[PDB]
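Residue strings, one per chain:
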Amino acid sequence: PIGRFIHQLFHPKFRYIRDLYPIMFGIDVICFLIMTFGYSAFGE
Amino acid sequence: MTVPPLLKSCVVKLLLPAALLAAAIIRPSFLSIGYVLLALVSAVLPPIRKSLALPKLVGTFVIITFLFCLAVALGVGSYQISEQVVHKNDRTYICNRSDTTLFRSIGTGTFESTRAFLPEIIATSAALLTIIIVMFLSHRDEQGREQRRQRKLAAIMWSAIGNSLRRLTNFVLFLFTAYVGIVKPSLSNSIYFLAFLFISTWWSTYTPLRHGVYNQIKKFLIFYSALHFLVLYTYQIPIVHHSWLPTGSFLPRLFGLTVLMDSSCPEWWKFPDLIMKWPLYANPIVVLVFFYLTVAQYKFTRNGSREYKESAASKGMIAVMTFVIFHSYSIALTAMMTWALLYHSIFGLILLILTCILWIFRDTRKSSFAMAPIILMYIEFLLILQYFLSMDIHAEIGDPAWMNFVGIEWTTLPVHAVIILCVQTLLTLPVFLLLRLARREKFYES
Amino acid sequence: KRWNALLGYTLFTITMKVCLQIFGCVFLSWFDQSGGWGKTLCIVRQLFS
Amino acid sequence: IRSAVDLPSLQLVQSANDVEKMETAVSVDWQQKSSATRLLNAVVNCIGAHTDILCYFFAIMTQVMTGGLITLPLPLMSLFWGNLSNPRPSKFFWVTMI
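Protein chains in written order, with our numbering: chain A, 3 to 46; chain B, -11 to 434; chain C, 816 to 864; chain D, 16 to 113.
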């Protein structure tokens, strides 16, 4: 499927200039605390 | 109140052996053989498309199958009527004499009326289902650039689909028919194996077979396999066949026919060591499997495709291939060597003393390609004497004193026969490859 | 067609929803012995009554 | 003539096909006190514009609800193909999912 990567990576053409990293950081922060505050479930 | 046609074709094909062949296994008799004949003749039905209407011959013997099912139902029912009526007694079912012989030549005891009604209910429900679905619910209801390129990429996927899948599944068929004779060596698979060896020595000549005649070969194979399976079906029926073809005779042994009870004349009882449970209860169902599968691959092969530097990496791959050709001159010899040791035959004695010596020869690759065919002849007669040493006619044929002296005897374990034949084919393939190389060299020269 | 499809079928399958359960509740047993009748009278009674 | 009057009317109503824009624009004007009747209409119009994201979300939900590998090809294939192919998975991936 070489055409798939060629289209998705090289010829998207209309580059949409956005920057969603703070949303990712918020999601990751939400997950770290759920790994922490909730610790009894991950342990037998 | 209509349904699409592709589902109609798939459902008719699926329910075709579902209620007919399973009913055949449910009540083995002279009635079930006709059921399986119906199953096969309808199993060779052509497909139904969205733009193509239902074929007339298809519907013709769908009508004939419904008629046969209804006639069987009527006859069985009227017999049920007469029998339940006339006697109206005798909860003891004691069976003997010629009356059981006729009523088991077929065409109260609790499980009598029970087993009578279940095949009938299933057959009537399925036949009525198919016929009514045909009758009422018609199959035919009615009488950017980057996106297109990505869609055409799926066409590139399908281009390799036809290029490779049909090609590789053809290979699986050759190994499929190879395995059948390995499992149960008898008269049923002797022609399979001999034809496979002859088409192998044809595969040596390197000239592709004409694209009209392997159809004929595989058609003969399909017809014989179906008829053989039918013969084994007629051998697993009630009393009349047993009386006619008694258990323990040489004719069932040669033809590949197996017992399924005490039998005697009739002793009576019921009618239902894992080693040998594998051949005897593999072979019948799995030859049904090959029969149906080879009809399917006949159809598939019938179809196909519409068209019918200074690189050092170059260096490596090419040079390796030339070395591989040198290696091809020797590889097959290793194989026969191991095989001879594996057997233990004055014949092995000969491979050893004969092969160890053509070993000191100064002129090499050319000599071997030249002398390969007669070696193919020698190793070819061996698999044949081996199928001989395989038949369950171990002691009836006879073992003269000369055969006692040679030490090569039969195989009392058919599981061991499966093993040695499976090894034999897989390890004698390289001599076929050597024959192919010799034939290609001869073709190249001229 | 819709009338026969999503209106006829619903009532046609709800009408037995009472008499099949009364059938199941009727004279105690019509299914449970040794050999070969009610294992296929079960395959249907696994979902019918 | 009634059709020739109504069809341009609905065509001008659909000429307000700036949904792909508003998804941000209304996302601004609903951040403040804008409790008028237009808020619910705009929310309804917006929820029907990112339907593919909803399909992926519900695929994740139906995978986590059972937690087997029979349904696992659904989210695996959905992510790998749709979320990496294009804005439009070419209308054939949807057939495979169906």
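No wet-lab data here; the hints were simulated from the structure. Please note: incorrect hints may appear among the correct ones.
As the list claims (entries may be wrong) - One-sided and incomplete, this derived list gives chain B residues near chain C with beta-carbon spacing under 10 Å:
id, residue
1, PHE99
2, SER101
3, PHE105
4, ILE110
5, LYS303
6, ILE341
What the hints assert, rightly or not - Under the rule of at most 30 Å between Cα atoms (straight-line distance), these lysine-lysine pairs were calculated in the DSS-like manner:
id, chain 1, residue 1, chain 2, residue 2
7, D, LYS36, D, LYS48
8, B, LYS44, C, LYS816
9, B, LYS206, B, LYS258
10, C, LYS816, B, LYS1
11, B, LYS140, D, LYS106
12, A, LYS15, B, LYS265
13, B, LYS(-4), C, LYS816
14, C, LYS854, B, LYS1
15, B, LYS1, B, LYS38
16, B, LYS206, B, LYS44
17, B, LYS207, B, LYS287
18, B, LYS258, B, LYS76
19, A, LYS15, D, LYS48
20, C, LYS816, B, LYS38
21, B, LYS265, C, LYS816
22, B, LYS354, B, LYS303
23, D, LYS48, B, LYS(-4)
24, C, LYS854, B, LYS76
25, C, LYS854, B, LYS258
26, B, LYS354, B, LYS206
27, B, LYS303, B, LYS430
28, B, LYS206, B, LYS1
29, D, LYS36, A, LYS15
30, B, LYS44, B, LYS1
31, B, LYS44, B, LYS140
32, B, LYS287, B, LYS38
33, B, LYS297, B, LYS(-4)
34, D, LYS36, B, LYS38
Idealized CB from N, CA, C, for every residue including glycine.
### Task
List, from low to high, the hint numbers that the structure doesn't satisfy.
Hints 5, 6, 9, 12, 19, 21, 23, 26, 31, 33 and 34 are the ones this structure does not satisfy, whereas the remaining hints hold.
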